[PDB]
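Q: Next come the chains, spelled out residue by residue.
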Amino acid sequence: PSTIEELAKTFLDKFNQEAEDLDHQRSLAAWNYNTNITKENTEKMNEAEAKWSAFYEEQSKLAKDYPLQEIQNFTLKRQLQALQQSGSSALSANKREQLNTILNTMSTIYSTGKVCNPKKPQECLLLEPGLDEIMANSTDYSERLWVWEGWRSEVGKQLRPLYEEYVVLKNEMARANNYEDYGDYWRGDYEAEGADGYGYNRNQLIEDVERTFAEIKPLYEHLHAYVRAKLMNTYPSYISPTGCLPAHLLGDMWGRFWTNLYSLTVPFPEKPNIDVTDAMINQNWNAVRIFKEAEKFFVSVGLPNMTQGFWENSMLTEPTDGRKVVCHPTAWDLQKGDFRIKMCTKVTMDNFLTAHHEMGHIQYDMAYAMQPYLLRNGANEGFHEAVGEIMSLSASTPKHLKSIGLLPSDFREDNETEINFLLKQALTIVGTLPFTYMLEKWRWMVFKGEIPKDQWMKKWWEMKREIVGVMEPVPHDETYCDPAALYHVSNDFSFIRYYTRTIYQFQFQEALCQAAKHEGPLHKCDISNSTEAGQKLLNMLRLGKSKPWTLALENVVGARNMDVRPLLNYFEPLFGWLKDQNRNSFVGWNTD
Amino acid sequence: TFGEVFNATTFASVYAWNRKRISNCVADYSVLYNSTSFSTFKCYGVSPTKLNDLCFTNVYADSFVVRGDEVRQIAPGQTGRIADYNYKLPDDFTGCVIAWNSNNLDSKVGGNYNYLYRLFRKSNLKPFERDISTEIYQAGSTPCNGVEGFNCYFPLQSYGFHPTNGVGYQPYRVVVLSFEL
Ligand SMILES: *[C@@H]1O[C@H](CO)[C@@H](O[C@@H]2O[C@H](CO)[C@@H](O[C@@H]3O[C@H](CO)[C@@H](O)[C@H](O)[C@@H]3O)[C@H](O)[C@H]2NC(C)=O)[C@H](O)[C@H]1NC(C)=O
Ligand SMILES: *[C@@H]1O[C@H](CO)[C@@H](O[C@@H]2O[C@H](CO)[C@@H](O)[C@H](O)[C@H]2NC(C)=O)[C@H](O)[C@H]1NC(C)=O
Ligand SMILES: *[C@@H]1O[C@H](CO)[C@@H](O[C@@H]2O[C@H](CO)[C@@H](O)[C@H](O)[C@H]2NC(C)=O)[C@H](O)[C@H]1NC(C)=O
Ligand SMILES: *[C@@H]1O[C@H](CO)[C@@H](O)[C@H](O)[C@H]1NC(C)=O
Numbered sequence: 018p019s020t021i022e023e024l025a026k027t028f029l030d031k032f033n034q035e036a037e038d039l040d041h042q043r044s045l046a047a048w049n050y051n052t053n054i055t056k057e058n059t060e061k062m063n064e065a066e067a068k069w070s071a072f073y074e075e076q077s078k079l080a081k082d083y084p085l086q087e088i089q090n091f092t093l094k095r096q097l098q099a100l101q102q103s104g105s106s107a108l109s110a111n112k113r114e115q116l117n118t119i120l121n122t123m124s125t126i127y128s129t130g131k132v133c134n135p136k137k138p139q140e141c142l143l144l145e146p147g148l149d150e151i152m153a154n155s156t157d158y159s160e161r162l163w164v165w166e167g168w169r170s171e172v173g174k175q176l177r178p179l180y181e182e183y184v185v186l187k188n189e190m191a192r193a194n195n196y197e198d199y200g201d202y203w204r205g206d207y208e209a210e211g212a213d214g215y216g217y218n219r220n221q222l223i224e225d226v227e228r229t230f231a232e233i234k235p236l237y238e239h240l241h242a243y244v245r246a247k248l249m250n251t252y253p254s255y256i257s258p259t260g261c262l263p264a265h266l267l268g269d270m271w272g273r274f275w276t277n278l279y280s281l282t283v284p285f286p287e288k289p290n291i292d293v294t295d296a297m298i299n300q301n302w303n304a305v306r307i308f309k310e311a312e313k314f315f316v317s318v319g320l321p322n323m324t325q326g327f328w329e330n331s332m333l334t335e336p337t338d339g340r341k342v343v344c345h346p347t348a349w350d351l352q353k354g355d356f357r358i359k360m361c362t363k364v365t366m367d368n369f370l371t372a373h374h375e376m377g378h379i380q381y382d383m384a385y386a387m388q389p390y391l392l393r394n395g396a397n398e399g400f401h402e403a404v405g406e407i408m409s410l411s412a413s414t415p416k417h418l419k420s421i422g423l424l425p426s427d428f429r430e431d432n433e434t435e436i437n438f439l440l441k442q443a444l445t446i447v448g449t450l451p452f453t454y455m456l457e458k459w460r461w462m463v464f465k466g467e468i469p470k471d472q473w474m475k476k477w478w479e480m481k482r483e484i485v486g487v488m489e490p491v492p493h494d495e496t497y498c499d500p501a502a503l504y505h506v507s508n509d510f511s512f513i514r515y516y517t518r519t520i521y522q523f524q525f526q527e528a529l530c531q532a533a534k535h536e537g538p539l540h541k542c543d544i545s546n547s548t549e550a551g552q553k554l555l556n557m558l559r560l561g562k563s564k565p566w567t568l569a570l571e572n573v574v575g576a577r578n579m580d581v582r583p584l585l586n587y588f589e590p591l592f593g594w595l596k597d598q599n600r601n602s603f604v605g606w607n608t616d
Numbered sequence: 337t338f339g340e341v342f343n344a345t346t347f348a349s350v351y352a353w354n355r356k357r358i359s360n361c362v363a364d365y366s367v368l369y370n371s372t373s374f375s376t377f378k379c380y381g382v383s384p385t386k387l388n389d390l391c392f393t394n395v396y397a398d399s400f401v402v403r404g405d406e407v408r409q410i411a412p413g414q415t416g417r418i419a420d421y422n423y424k425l426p427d428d429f430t431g432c433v434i435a436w437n438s439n440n441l442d443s444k445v446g447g448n449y450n451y452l453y454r455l456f457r458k459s460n461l462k463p464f465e466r467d468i469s470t471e472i473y474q475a476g477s478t479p480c481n482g483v484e485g486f487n488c489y490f491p492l493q494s495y496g497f498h499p500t501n502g503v504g505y506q507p508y509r510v511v512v513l514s515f516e517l
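Protein sequence lines, in the order shown, are assigned to chains A and E. For the first sequence, the residue numbers in the authors' numbering are 18 to 608, 616. For the second sequence, the residue numbers in the authors' numbering are 337 to 517.
In isolation and in its complexed conformation, chain A is listed as follows:
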């Protein structure tokens, strides 16, 4: 006579063990493919994935067989709920197949969708390493424009039909799963069941996003006017001082990041931005040294140093020996206590900075290994790169790298450079906050039925001008599908992470700096050498997904919910400068 909760717990224990084992085995299988791309290794990685995938579905059904309402241990309940989310198999089997075909085709199109300009048609560059390398450093409006509508026309026509069906299937699934619509499904991820004043509801998320964006908007506007102005001197005939910005000119295929506008919008080109790569190069540093310096950083605050297995097994540089591998930074938890990083790093300041967040990931991974497999993750999708970006912030401090011999003692960063850097930070960091919020607002509304198919494009761009203060060269009707041209949209990826993650980092860095009694501007804080912050950073690092991320956060930063104050505060210096620079000009968009 063993209660349903009891019996269920027993289920989990068996799961965790079966799951751990299989996950490790996939993991290794995938690690050999990555570090060693070989036809055989490809085959083996797919096979092993297939067993993991199959296994997961089987176990998910069974999980459902325990009635969620019956469980009383919330800590238990949370692993359970997480497991028993049905996949795309909680509906017709004949529908399911259709859906996967849609998806594979989309990515497929998107994957290899090449565009060709009228002139030199035979050029017909590819999205991957073609257009993108243009949009980034091209100041010809005509060039940039053709590279913009082409992609949006070509794949758009193809993607529009697919997308509509895509929507219908996903709503059928969400509804199947007692969800209002796909939108509300994705808003599940931020749900908290702690129910002791720490609970969280998928409805609260929309309100909270909107509210915070409301508080961000002032900042955004002034960044926007400044950047518009500098652009005018570059693309003088097309921009209008009381209006929005034409999209193609934002450095990327979409204006996700104004990073590439720095050359154009640098406030003081006289003072070069401080690049410590020549320092490293001339000091005959190597990849290993970089990662070792990182390690020290974590140690100095209180974190463990990396496993022996980490140095032994990890790939930290491109294989000299003719092993072709895709090279992107990655931080792996291979689930048996084997932790590793796979960035084929090269010697630059940036890589140095990167390794501090990739290692940051790893330290997270290590921190919650005592938690059970299901609970073995950061409390929501934001935290993991929210914590692996925060180390890249302390690590980049001029204080910090002076400290480790980054430059000459008493470097004395001047305010001209300091502001110059802050702005660069803002192009990428504040640049994308509106972009992102507007996109997930469109998708959320679509999924709730708030937008008809014929009003799709009309409502999308109406939102772009209103919120992002961006406008499109040519009008687009409902033949054009533009939002699908973004990877994450057309590859069925949730997208609001980018926003929440960005508000997370600074609440963190601000609580850690406030704990390391740092004084003065928040952007020069460096937490190194402070165990006080370390221990308190850990205290949340250990929980993993085990407590409602609201409690997770409140431990670190004393607040149960997102607050944008630390963002504003981090950027406050650039703010005041921007108001000055915009003292004599117009701030705002006019929609047309």
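Simulated from the structure, these hints should not be mistaken for lab results. Please note that a few of the clues may not be correct.
Said to hold, decoys possible - Keeping only pairs whose Cα atoms sit at most 30 Å apart, straight-line, the calculated DSSO-like set for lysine-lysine is:
(1) A/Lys416 / A/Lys131
(2) E/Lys444 / A/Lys56
(3) A/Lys419 / A/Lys56
(4) A/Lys112 / A/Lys187
(5) E/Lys458 / A/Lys26
(6) E/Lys444 / A/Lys94
(7) A/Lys247 / A/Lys94
(8) A/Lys81 / E/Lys462
(9) A/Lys68 / A/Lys56
(10) A/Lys476 / A/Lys458
(11) A/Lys26 / A/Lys78
(12) A/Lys419 / A/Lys441
(13) A/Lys94 / A/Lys441
(14) A/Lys26 / A/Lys56
(15) E/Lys462 / A/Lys341
(16) A/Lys26 / E/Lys462
(17) E/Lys444 / A/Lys61
(18) E/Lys458 / A/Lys359
(19) A/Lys68 / E/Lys444
(20) A/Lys553 / A/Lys419
(21) A/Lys26 / A/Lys247
(22) A/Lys68 / A/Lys94
(23) A/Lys61 / A/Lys313
(24) A/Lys465 / A/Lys174
(25) A/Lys78 / E/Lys458
(26) A/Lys187 / A/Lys534
(27) A/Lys288 / A/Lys247
(28) A/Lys416 / A/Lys441
(29) A/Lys470 / A/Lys458
(30) A/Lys363 / A/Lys56
As the list claims (entries may be wrong) - According to the in silico footprint, chain E covers these stretches of chain A (three or more CB under 8 Å from chain E):
(31) 20 to 32
(32) 38 to 49
(33) 319 to 331
The beta-carbon is built from N, C-alpha and C at its ideal position, and this holds for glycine as well.
Got chain A sorted already, so can you dock chain E with the ligands onto it with the hints?
A: Just chain E with the ligands now, kept in the frame of chain A:
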């Protein structure tokens, strides 16, 4: 005289823990207690130095291999999965526990799943009890007809040992010496 047990090529998996008894005191603990390799050597109810002076009624050598992490379990008053369902040692235990890293021997590239361990059991081992039954663990009220299904699980699973593993999840051998007074 017991050199053969320690350096044996292969070890019993923990649920079938091996028991070997010795009749001759020709062998000494000089070589053992003075050994760099032994990662653990907790002697309970005795003095590791004092061992060479005495001889005892019954000597008992149980050998088996576990997860690094789990070595802490083999000791009096220890409650865990291994101590509950695999090799409980009685509190009033007088003897000595020995363990050493066994990575190079027991884990192979691509894994060595051959060592196993008992996951469920309807109740805890009695000190030094050995249970090797393979009957399906009927957690539920519904009885399982000798096949694992909803609410009944096979109770034996296999340690996965790879050279890459973490130390805690790395495989070390263990030998426990029991003394009769
Ligand atoms: C964190 O605290 C440690 C503890 O001191 C700091 O390490 C030390 O940093 C100082 C400043 O760069 C270095 O000082 C030099 O020491 C030598 C003697 O070893 C002396 O001849 C020089 O005149 C100079 O004072 C020292 O090398 C270094 N020592 C060690 C063991 O690392 C570290 O800089 C602190 N970091 C931060 C960010 O606060
Ligand atoms: C990269 O992958 C290849 C193939 O997946 C590995 O080649 C195998 O090498 C072992 C060891 O000699 C042979 O037994 C297999 O027959 C090989 N497989 C094939 C089909 O070539 C290669 O060793 C890997 N290289 C490393 C170490 O990264
Ligand atoms: C990380 O740093 C600490 C430094 O104290 C290491 O802890 C000890 O390091 C010495 C090495 O001189 C060892 O002899 C000790 O055994 C270590 N402590 C323990 C509890 O074993 C720690 O080992 C370092 N990292 C690694 C991977 O060993
Ligand atoms: C095991 O073999 C090695 C080499 O022969 C030896 O050093 C060791 O002492 C042997 N066993 C024991 C129990 O010491």
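Q: Are the Cα atoms of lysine 68 of chain A and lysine 56 of chain A separated by 30 Å or less?
A: This hinted pair holds, its Cα atoms lying about 19 Å apart.
Q: Are the Cα atoms of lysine 187 of chain A and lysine 534 of chain A separated by 30 Å or less?
A: Status violated; Cα separation ~49 Å.
Q: Against the 30 Å threshold, does the CA-CA distance of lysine 444 of chain E and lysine 94 of chain A hold or violate the hint?
A: 38 Å, violated
Q: Given the hinted pair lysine 288 of chain A and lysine 247 of chain A, is their Cα-Cα distance within 30 Å?
A: The given pair, whose Cα atoms are some 18 Å apart, holds under the 30 Å limit.
Q: Please verify whether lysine 26 of chain A and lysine 78 of chain A have alpha carbons no more than 30 Å apart.
A: Roughly 16 Å separates the two Cα atoms, so the pair holds.
Q: Checking C-beta pairs, does the region 319 to 331 of chain A have three or more residues closer than 8 Å to chain E?
A: As far as the region 319 to 331 of chain A goes, the hint holds, because 5 residues have Cβ atoms under 8 Å from chain E.
Q: Given the hinted pair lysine 68 of chain A and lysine 444 of chain E, is their Cα-Cα distance within 30 Å?
A: 22 Å, holds
Q: Would you check the hint for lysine 94 of chain A and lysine 441 of chain A, treating anything up to 30 Å between C-alpha atoms as holding?
A: Violated, at roughly 44 Å.
Q: Just to make sure I understand the rule, a stretch counts as covered if three or more of its residues have a C-beta closer than 8 Å to a C-beta of the chain. Does the region 38 to 49 of chain A meet that for chain E?
A: Answer holds; 4 residues pass the 8 Å Cβ test.
Q: Would you check the hint for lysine 470 of chain A and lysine 458 of chain A, treating anything up to 30 Å between C-alpha atoms as holding?
A: Distance of about 16 Å is within 30 Å: holds.
Q: Is the straight-line distance between the alpha-carbon of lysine 61 of chain A and that of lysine 313 of chain A 30 Å or less?
A: 37 Å, violated
Q: Is the straight-line distance between the alpha-carbon of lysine 462 of chain E and that of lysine 341 of chain A 30 Å or less?
A: Violated - the C-alpha atoms of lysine 341 of chain A and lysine 462 of chain E are around 56 Å apart, more than 30 Å.
Consistency note: the structure conflicts with the earlier hints numbered 1, 3, 6, 7, 8, 13, 14, 15, 18, 21, 23, 26.
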